[PDB]
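Participant: Spelled out from the first residue to the last, the chains are:
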Amino acid sequence: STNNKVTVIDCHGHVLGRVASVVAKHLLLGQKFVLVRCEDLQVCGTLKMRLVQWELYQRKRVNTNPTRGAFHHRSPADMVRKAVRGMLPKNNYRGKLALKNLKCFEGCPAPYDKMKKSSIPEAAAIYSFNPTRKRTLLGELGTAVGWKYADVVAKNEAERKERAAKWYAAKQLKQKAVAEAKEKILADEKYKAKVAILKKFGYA
Amino acid sequence: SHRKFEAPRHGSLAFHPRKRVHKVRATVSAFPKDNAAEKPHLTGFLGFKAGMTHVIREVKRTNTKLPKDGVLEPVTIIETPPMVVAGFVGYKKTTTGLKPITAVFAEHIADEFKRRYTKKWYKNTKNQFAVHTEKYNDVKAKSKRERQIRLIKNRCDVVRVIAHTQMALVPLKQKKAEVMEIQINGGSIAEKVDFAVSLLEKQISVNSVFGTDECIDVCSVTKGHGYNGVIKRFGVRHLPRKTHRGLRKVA
Amino acid sequence: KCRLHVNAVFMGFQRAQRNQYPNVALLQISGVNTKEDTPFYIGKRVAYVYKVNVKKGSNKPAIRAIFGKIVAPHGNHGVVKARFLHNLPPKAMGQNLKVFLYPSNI
Amino acid sequence: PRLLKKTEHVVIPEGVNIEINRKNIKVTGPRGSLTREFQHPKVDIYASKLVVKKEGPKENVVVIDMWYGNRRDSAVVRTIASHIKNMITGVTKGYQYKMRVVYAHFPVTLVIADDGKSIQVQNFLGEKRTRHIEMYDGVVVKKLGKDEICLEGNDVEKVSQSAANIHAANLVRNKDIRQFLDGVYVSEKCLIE
Amino acid sequence: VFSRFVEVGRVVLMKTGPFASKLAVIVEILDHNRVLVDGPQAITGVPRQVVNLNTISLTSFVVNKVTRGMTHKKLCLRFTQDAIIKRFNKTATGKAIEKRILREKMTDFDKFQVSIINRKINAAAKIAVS
Amino acid sequence: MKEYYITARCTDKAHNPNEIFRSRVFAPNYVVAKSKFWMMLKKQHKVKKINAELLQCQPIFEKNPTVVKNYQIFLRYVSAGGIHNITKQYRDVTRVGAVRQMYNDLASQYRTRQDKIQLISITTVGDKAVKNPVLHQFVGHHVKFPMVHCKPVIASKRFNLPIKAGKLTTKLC
RNA sequence: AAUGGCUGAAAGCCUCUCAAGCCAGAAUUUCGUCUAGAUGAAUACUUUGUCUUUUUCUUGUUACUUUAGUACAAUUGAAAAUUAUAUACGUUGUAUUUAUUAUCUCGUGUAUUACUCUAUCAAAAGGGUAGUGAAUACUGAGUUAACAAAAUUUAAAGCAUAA
RNA sequence: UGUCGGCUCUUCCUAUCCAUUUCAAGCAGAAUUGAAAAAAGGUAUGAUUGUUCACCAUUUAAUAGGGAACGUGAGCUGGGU
RNA sequence: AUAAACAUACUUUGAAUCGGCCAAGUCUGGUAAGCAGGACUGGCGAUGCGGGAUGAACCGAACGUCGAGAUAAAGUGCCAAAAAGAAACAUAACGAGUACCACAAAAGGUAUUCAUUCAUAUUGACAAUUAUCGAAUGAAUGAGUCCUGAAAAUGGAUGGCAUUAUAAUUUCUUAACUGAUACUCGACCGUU
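Protein chains in written order, with PDB author numbering: chain lO, 2 to 205; chain lE, 2 to 252; chain lj, 3 to 108; chain lK, 2 to 194; chain lP, 2 to 131; chain lT, 1 to 173.
Check each hint, because a few of them may be wrong.
[Unchecked claim] A short, non-exhaustive set of chain lT residues, derived as facing chain lK with CB atoms under 10 angstroms:
#	residue
1	132
2	134
3	138
4	144
5	145
6	146
7	147
8	149
[Said to hold, decoys possible] No more than 27 angstroms apart at the CA atoms, straight line, and that leaves these computed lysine-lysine pairs for BS3-like:
#	chain 1	residue 1	chain 2	residue 2
9	lK	6	lT	151
10	lE	5	lE	250
11	lO	191	lP	127
12	lE	94	lO	162
[Claimed, not checked] Some but not every residue of chain lT turned toward chain lj, in silico, with C-beta under 7 angstroms:
#	residue
13	157
14	158
15	160
The hints are simulated quantities; they were obtained by calculation from the structure and are not laboratory data. Cβ coordinates follow ideal geometry from the N, Cα and C atoms, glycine included.
Using the sequences provided together with the hints, build the complete structure.
Facilitator: Listed below in structure tokens is the structure:
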């Protein structure tokens, strides 16, 4: 068939490189990925160590014409795209097509804030890290190197938690009502014929 | 091999590339940082340079050895006739910088402001803002405007008034006006829009914006010189007289 | 009407670091995460069904197919080897392939 | 080497209430309330009762427990235990740091604000620049006597840092500091009670 | 304070291998990585063996008076006296273990009725809520 | 690792053919066990294979591979500096089980490959004779510890999905 | 940053930390400011309202013109945070593609919905109210299928008029 | 593959001469000496010599050391060779 | 003992060639050299193929046109076909990462892990305040890892992206896997 769906990845509490390897492999397999919250990823290293690597990175620049030189994107959504692009085929139609199926946003924009989210157990920071190893959020590193919109995302995320918190509470009340209405009609005398089948397989 | 002697580099790389602008008016790339503990006010204007003269001024600074009878200074005269405010726009802070949300315009728009939306005015139908004006008072349009005002107060952080000049008051031959967005720096966004709405179709003078003995910034486009060599462009040293194929070049 | 197939991804041909053998195509059947779940699918039919925007006056079908069989596993992660009547077009990498349920041995 | 279990405890006296919520100890005592976060991902802080005397009875304690861990990480059990112990002292008998002023020839004047949240040092070694030195929240300076001040507060980390901030602003520069023994020094560190 | 410990007598649950989803009892601790499980071979079928702690999970039960290196004979007496099998089957994992066995023997006809029946029940239960 | 019992005799002018050399050699297979056995004869008694007859080479199996025992391996190894003697203790249920620990531990802490280590002897020590600082903490009868930060276990590679749904949690276990 | 300090273990003491946690400190770094600048956004007028290609007129663009072909409203996709996670449980063990009992008719009202549409208040909302339709549950009964067929995703020609 | 030097011009290295921040002295002050961070900014005018080099007279906060086909001849000059 | 009949022994006529270069559990001159010259063998020259990112010589293996299968060197987070589990000394650092190979030394550290030797170890050692304080304390040496030592000129190279109870390093377990024009089987073309 044709997979027109989008696999939304919530980058919270993950590892930048490990996420990219799993995503960059499945971009080549026809899957469309959207990685929300690419500013909550974690990279091995204290903020002091991460800035040295960035300082080394910023040095690479064409001497005779910096406008042609390597472009160092400070936004975390562009750090992830660069990391993913390094694990994709270079300078061919196959590599470019697979890159078009990837997007980060620092928060959760209008369509992707109500889709089902996924996780990558290989890339989780609780499975691949020593707990005492200091890490660094991409947003925290991005602010250090000149990414100005670290406060807009923190404000937008704050109101997204307040909108979801009340939606979850309202959904919880309806679910409790439906759950307790199912028990009443599971124990009804008329539905014994159907229930007896469910009890046989353990569903009820 | 190293250069025998050292000297500062000729020219500044803070302005490379030296690309000439396209529009005569120059837009300020910034505004003074907003303070929310003051009454709303306009933070900009637009004037036409007339010329230069010189004045003798009395020194009021202390502990200075300047003559008591006056110091000669040069002064530029910038004629600034009153501006007409013909609308306002709200901006929102998103993850790609400011994004304008809505632009509410006045009911009556001068022909000076209409000329900005065409290129051959003398052949145009000149129907700019015609539908806007003819349906200004309809309940369908009035309801939409109240939504636009309410949208800004709910989901906007920056307000700027679209003000334009009046070319009839200046000796220039241009008739089309010059449009500038002037930010309102002041209280909450609720009263910024309230202050902005009160200014629709009204005239603003330069005294309402700037005070007395006030330091300001000026943004403009420098005088054009066309193609030029490296001696005038960068101020490099002219080569000795003996040189074959010319003197005024970088060796 | 009904779903009687399992989608498989045409990852690519049997290859090495710098070579490529387009006679055999590698597929990733959905839900097969290990090579011990492969023995069921060894021998099942596999079809690459694509669509061609034919002109109105042409009698060629607008839906064509290439068929083939799964012949052997490939690695420990449930990847199979499939040989088709004609080698799959390399433009079809990453697309979906219908893995049928016949020849049935159930 | 790795210790299977390293345990430390701090006893809670009668007037102190301790509540713990995910390594976030809040201590409230007769003098006031203190709060801190111990964000070490390998410690377990929880209240209990434990006999701490060879023949004494049970008493309320806060147990800081760390399981298998190298000596680099096993050293934080006693550090956190000391930090909680200082909180209990701070909210029961606050800390005070007495600082004495030393000068050679130029008298130094301390202008203490009315609220006690700020100080001013003037004429230090004949200088014309005036040093202000802010104070952390909860720390109050006061003039004890002649050429002497003391800092009052509950948090030993805020009090000691504020005292060191005063000294650090009045260092002698480009001169032999073995001869120009000027500045404000900490005479001694003790408890208010 | 942590609830479940790796001690002697702790009842563990094998999670992989040939004895997956079978109960076992720790009778020895070699080090921080390996323990000696002897979930009575006469009861559950788990032989006395050394296993890595990555393959098992703890439970809320501890068998009373189990010493390190307990023999199989005496261990069996303490296992039935505590009635671990009776207690385990009432837990969330215990019911999840029996559910998996119940589902793995369904047929296509068996799955047909359940999907049809449950769909109507869920739809009807949603109607009954105002 | 498997343990072998190897015997041989030397039949030439120098050695009387009535004295049998026995050994207990830990080798991956019986061909390596003989190779180790012949070297010990040649380097200690001038006995060469061409002038000797092998008699028995039988595997040795653990009597009770269900009892936890504390071992003590006396060994000598070669470093960059010189040659040293070490005595390392191990806890396991088989003699061959502990030896594989020693080989893997030496190659990690001391970076010493297998062809630098000679196992002099291996015995079983008491519960209080253990001196390893880490291993001494688990020899008592009242050992107890909670395994924290547990990674959730997968029954088999069958359910090993690349991308999951929802959130990921560790286990206090 | 170098450096000087605070609390503080390891190592009952000491210690600025080849420990966790903090402070002060550069002609430093980054925001702020200046110059060029890509994808963009708002407003004004002209249109259009399921869609494309080949032609064709114009300096060029858009609308526009002709011959066809194509679909026709109604179950999709969200807890957050932590992980040494308050106590309890460990809820085990297959993410997307890919979770509907063949078609149509006959039937009664009620109820439900992140459903469609209309009106209204609002609104950069899986919004409120009122009504209508759709689907489902209560919950049926009845007709038909045998051979054949069950497909769009876009082709081909123009310049009257307006901006 | 146009082979010295100079003139013009840009960039790079730090093994820093000055300015900035620090520690030490047999550091009383002043003037100095040893060392750390730091290469973003500066680092001259002339008599003699084709000279690189050198040696003198000044001025300066300092008048540091080097690379780029021993940078640079369809850039110059042709003093040397 | 083993092998050898398209064996063995040759005869005649003649071509091209005698600038060589490389590797090394080798040597001589030299401070040394991708320097100069030798002994034995194998190569390159005359040689493609799979691997070492790239490379005349390194590793596997030498080539008629093909189909299928096991393999070699070597690999198995993505580029890239192919792996899961176990234990450790590493990792707060441009530290570690595929031999030849594209670099690092002496020396120092109350950094860290392990082992040996010695003394104090209790009814009471050490630290702090003879008593309390109640379990390890002190010293020497050796072996691994880490840190300092460690400065160059366009911007850049474990191959790149990236990793950090590893996706690094050292060693293992599993009738795990991937892969050459070499091997086996089969079809055809040619020489003998």
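Participant: Could you tell me which of the numbered hints above are not met by this structure, giving the numbers in increasing order?
Facilitator: Structure breaks no hint.
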